[PDB]
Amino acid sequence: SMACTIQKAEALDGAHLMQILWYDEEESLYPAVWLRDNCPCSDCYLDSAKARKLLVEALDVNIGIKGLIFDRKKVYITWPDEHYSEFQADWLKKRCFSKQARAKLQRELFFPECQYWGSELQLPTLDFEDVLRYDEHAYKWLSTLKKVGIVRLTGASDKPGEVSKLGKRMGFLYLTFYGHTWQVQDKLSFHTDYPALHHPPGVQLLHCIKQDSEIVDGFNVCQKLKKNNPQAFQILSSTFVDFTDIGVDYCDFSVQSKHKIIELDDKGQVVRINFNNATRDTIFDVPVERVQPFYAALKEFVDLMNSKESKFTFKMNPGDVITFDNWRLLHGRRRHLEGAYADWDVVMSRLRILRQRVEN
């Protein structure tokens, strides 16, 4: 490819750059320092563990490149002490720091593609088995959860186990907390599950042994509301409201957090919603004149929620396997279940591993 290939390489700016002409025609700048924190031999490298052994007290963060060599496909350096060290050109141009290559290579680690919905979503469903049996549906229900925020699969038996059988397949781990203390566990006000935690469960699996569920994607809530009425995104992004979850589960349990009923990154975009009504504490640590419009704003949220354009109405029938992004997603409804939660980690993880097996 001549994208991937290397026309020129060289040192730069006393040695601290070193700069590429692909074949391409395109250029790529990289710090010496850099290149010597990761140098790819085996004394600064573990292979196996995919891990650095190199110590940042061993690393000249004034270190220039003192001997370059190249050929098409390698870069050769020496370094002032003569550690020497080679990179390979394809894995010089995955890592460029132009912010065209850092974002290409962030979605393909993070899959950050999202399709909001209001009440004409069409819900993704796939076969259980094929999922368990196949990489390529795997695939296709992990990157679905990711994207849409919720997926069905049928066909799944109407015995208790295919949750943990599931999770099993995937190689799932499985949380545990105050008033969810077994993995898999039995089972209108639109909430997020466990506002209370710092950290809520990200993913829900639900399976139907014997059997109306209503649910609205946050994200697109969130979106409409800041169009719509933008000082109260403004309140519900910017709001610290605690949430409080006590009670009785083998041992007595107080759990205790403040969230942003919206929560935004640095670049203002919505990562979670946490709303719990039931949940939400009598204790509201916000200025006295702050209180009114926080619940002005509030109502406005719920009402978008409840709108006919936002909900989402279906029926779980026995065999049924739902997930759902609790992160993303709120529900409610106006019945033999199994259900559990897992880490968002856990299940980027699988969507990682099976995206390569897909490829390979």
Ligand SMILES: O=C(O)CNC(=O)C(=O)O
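Throughout, rigid core stands for the largest set of C-alpha atoms superposing within 1.5 Å between the two forms. Positions refer to the first chain, counted from 1. What changes on going to the form deposited with N-oxalylglycine bound:
- Fit the rigid core and compare the CA positions between these two forms: of 178, 139, 117, 79, just 178 moves by 2 angstroms or more.
- After superposing the rigid core, the C-alpha of residue 263 moves by less than 2 Å between these two forms.
- The rigid-core alignment places the CA of residue 249 2 Å or more apart between these two forms.
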Given for the second form:
Protein chains: 2
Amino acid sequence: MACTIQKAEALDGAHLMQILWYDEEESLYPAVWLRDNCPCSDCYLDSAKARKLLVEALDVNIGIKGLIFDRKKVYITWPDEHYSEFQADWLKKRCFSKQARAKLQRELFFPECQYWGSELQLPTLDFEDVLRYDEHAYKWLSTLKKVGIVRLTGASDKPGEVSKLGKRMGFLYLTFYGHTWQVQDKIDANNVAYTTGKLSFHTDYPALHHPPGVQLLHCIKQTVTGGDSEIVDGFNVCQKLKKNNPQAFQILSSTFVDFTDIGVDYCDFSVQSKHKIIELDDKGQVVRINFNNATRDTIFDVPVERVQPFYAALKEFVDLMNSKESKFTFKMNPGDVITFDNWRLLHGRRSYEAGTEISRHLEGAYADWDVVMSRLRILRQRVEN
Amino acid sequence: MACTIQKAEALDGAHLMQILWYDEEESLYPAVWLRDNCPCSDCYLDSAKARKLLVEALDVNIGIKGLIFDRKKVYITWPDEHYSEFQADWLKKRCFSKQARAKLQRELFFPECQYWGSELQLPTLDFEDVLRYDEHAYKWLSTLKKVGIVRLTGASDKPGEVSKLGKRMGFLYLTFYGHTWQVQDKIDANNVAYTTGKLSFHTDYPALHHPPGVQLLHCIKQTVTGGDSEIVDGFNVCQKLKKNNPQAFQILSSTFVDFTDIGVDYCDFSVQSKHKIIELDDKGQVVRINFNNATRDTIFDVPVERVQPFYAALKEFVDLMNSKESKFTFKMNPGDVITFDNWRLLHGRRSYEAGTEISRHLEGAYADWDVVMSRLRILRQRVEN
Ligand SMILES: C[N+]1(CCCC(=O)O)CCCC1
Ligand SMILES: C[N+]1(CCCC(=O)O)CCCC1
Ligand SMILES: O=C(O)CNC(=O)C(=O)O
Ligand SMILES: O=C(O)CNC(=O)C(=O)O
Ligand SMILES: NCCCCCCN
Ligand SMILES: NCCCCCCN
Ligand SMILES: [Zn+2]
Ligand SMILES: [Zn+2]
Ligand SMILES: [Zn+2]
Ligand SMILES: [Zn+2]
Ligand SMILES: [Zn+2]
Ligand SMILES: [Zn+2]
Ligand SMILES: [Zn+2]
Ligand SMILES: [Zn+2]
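Hand over the structure of the form deposited with N-oxalylglycine bound; the form solved without N-oxalylglycine is what we had up.
Below: every chain and molecule of the assembly, starting with the one above.
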């Protein structure tokens, strides 16, 4: 009844098609959009699922010349004698009502979000299961999207495990630090991460204009002298900052900060960027945090009178992250892998002691959110069918 | 005189340092920023050129406790007895005056832009020269940035040339179509590009939220039956659209359009995105065009009353691109490579005839603008030294 056609007709100077469905709901489809989306082989390349029709071929003032219909299809003639068929179910899905469009957007983009603080129960799956079973890889990526982090247990204590996860998604995101990289204390370290020091809360790689969406960290070797992990939900922290100090939130969400990274690793590099630390979409919702205090430049491209208030705002933001209500602390053991949303979470680690042999070793990599979402879309289809 | 210190002193409750330079110009440096940027080994990891100092260690209300200076250095004591030295030239570069900050930003980001229409003289360099000589690779990337396109002549007529250019920059940007991809007519084509049809003006890969910054196309085989190239300067076209039809510009710069790509190539994929076709920065300047009519979805996430005006705006934009004042047409020969700014230019090709053997073959690849800019920064330093 919902997707069965009861009536179809051209309205409003034939510039609109109205479908009355058998449940008595009505849907409206502009004629220009119908013409633009003709599925015939002249207009649409089925092997590619892509539009061949050019904007140049489209009369934006077009109207329907003739229309007949049955319960499952509409058949339209156009003014220039072009001919189109549209399926009822295809039409129903693309209904222009707010409810129908929002339902479809949810299906495409998985927007459901669960914010957390120190009460987090770390979602945990088995590593080999995720590699082997679509049901498990689906739970992995969907939970990664919703919660921002999933721990995988039972990997080996050898390099190469993040690369398996990379292939499971599709491919890893290459950067100047390599396809994968080794987190260990290094002589003449080219990054603060490659020392035994504390890492305060940061996102990785704000020196890029498109920071990595998803980060993978696999514990090969752990030390008993420190090196615990800490994470925080930046979207949760931002919400609290907006509530507690709207001025601080306004400053961090509007001030461009310069980031830098110069050195040599997989290739030689001299990287510069600008980001707002709290990055809002066109509706004022936080979509990304861009903040690593190590790679924030000495160069600061603001008028002098804005400098101290910026630092005061930043300090408030960091104090919120460190609060016992926000922060979640845990320790990785050999064989553990954490996979997390590097646009949403901030992460850190406690200092540990240096010595003459390597006491601590993580292997890490990145993936692009679009690559992850693609896999998530495919998995959902496989597991629901 | 300009970078020699005549006087240094703490002002405004000791919350500011003022430098009077020997040319009588004055510079102001907030004390919090000085403390934040202490170059000592406790605060700053020289091997990484990175800040070790935590936000947590920074007193945002700090003032200078004591200061002495000579012509080339300032020496500061802080309230907690921490001690800092700053070099005159380092200070001068980071002066908070608008002029000094703007000069430095120009140096970091190469913003100079030369807009063009049908009068374009295609910048052209030799392929092997660019691989061999820093002076030539510098001209290549700087011209790529400024003009949006450079042609390279004298490459081979074999696969593998774009990969050499990839290594020259640093590395190529992997996508679902491969590290490199072959533009040829293909049975069961997964993309309109892989047919003999016309490609109207488009940017590549708006189905990704971070479309490729730079595109490389190398002509291996060309056909005499058509297959000419066309390019247009989207930033130039956008400027003209804003002048001729502000309503059309407002619509295209504010309406989110859904893009899609589903299929199988280097991996299996189901990719979805949303973009404004004309993407403005926070100041209203165009920073990216996101438009491929083939991969624009049938799904269109707008209220019905916004649909036809969107199409009317799009048609006006495309008509401007096609105008004889805007468009530049040329034909690639075997051995030619074009490298262009895929965020700024739109490109297309004329249809050609199918047949039983491959009559036309391009190899293409992408690179990230941050990767290109990094190389550009390094080259400039090498060639100026
Ligand atoms: C790629 N690595 C992180 C980049 C963090 C940052 O420089 O923002 C380099 C050090 C370990 C992982
Ligand atoms: C990577 N390729 C372009 C993508 C153009 C697009 O699908 O937006 C796939 C066809 C040839 C190059
Ligand atoms: O070493 C750790 O526990 C965490 N490392 C990082 O956050 C990093 O390398 O960027
Ligand atoms: O084939 C050409 O001349 C141009 N090709 C494309 O724009 C493409 O493959 O995306
Ligand atoms: N069942 C309706 C079929 C209409 C076909 C029209 C061909 N021009
Ligand atoms: N030339 C000035 C050197 C000052 C050194 C001070 C050490 N605390
Ligand atoms: Zn149905
Ligand atoms: Zn058709
Ligand atoms: Zn990190
Ligand atoms: Zn290299
Ligand atoms: Zn000097
Ligand atoms: Zn110091
Ligand atoms: Zn293209
Ligand atoms: Zn694959």
